[PDB]
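We begin with a single chain expressed as structure tokens, specifically the form deposited without the DNA.
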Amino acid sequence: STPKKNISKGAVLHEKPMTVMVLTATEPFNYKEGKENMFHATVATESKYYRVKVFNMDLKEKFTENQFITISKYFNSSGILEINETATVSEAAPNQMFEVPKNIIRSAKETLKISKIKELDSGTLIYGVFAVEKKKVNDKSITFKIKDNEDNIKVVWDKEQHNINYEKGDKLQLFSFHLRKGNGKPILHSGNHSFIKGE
């Protein structure tokens, strides 16, 4: 009876309602064959921004820029908000609304330096806008080398390569990539919810 369907392993349920303002939301996309589409979103309170993964497509209309929504029975997976059918998502009441500080909006849309990304814990989910230095396509994987002014890192995508035709010099917007660290150079690797988009 599946109230944790599509939800990450050790995600914590939050029953208390939280009002947020929607900052950004991607289009729905297929992340896994046979599964309902999902989309990525970023959302903010007065004190913080959150990355959001929503697995219920009945909610896309709720996730529009500058809309205030009240969310309850959502899951928290190491700081990432995950929303399925269990959640209640309603239009916010006027007195639940608020001003979002400029610094919160800025840091929500900000891209970390690659050198700084490598300092995060292994398993940290990575988001951001990066320039492509080069790419290698083989049959089983696409391997990007992304760079900024100071550093570079390898990005591995081993899922469907239908719309991953980006080229040298293009900027990629990455969503929910896994930072992998261990015996060797850190890499970013695609995972279940990984998504790439231009612009």
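Positions refer to the first chain, counted from 1. Basically, rigid core = biggest C-alpha set you can superpose within 1.5 Å across the two forms. First, how it differs from the form deposited with the DNA bound.
- The comparison between these two forms, aligned on the rigid core, picks out a single residue among 66, 149, 163, 47 whose CA moves by 2 Å or more, and that residue is 163.
- If you fit the rigid core between these two forms, you'll see the Cα of residue 35 move by 2 angstroms or more.
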Given for the second form:
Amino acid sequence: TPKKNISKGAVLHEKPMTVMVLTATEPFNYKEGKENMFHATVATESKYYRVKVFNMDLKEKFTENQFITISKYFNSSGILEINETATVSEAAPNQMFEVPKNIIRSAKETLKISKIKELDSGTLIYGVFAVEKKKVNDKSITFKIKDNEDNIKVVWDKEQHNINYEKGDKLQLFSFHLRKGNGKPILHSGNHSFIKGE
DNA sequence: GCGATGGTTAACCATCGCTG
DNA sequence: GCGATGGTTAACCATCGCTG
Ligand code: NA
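The structure above corresponds to the form deposited without the DNA; please give the structure of the form deposited with the DNA bound next.
Full complex below, order starting with the chain above.
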């Protein structure tokens, strides 16, 4: 189906958009071993975007600093999602552009934890954070992460502990969900979450 | 109608840790 | 000693996608 693996409520964009690839993770299985994906960050002249890619045929195309043109991709609350429905081509020279330094900078920065806490519940969070505590449990792995001004609990709920993380490492989070309500805000894993040592 | 997804509340029980 | 903190499970409420 054209919407296979795409997030609920995502909007199809048929028009081509050219982006420069900044980063991409290795592929990994999710949905209890049934599907694969990888995370990426790309930039246009005006914005950077987090990207979730479900078509493994594209892994070779998501190369650092290369320009690619994407169409029939989806937009899920600002996160670009790309499945087999999309077309991805190498960009024509006359479609390339310079990505402003401030965009590159933004795409690499991590929001302050105190600022993260002010966002709406359900907001997807990405970033690199110092680790204060780590606890491996039967059904979860939890962390206390911190920056210079604040700390927050991270809950990894996926039944799987094969995380490439070593003691002393900073923790890199992809697509965690801010949770709040009555009590302390936390970052909780979701179907697409990925965690690794920096 | 059901599966996937997912935020909130809360019960329950264990462990932690040490004066606002 | 004992209140605070933390893990697990579940109920509840909700939306979407597919139901050609
Ligand atoms: Na996939």
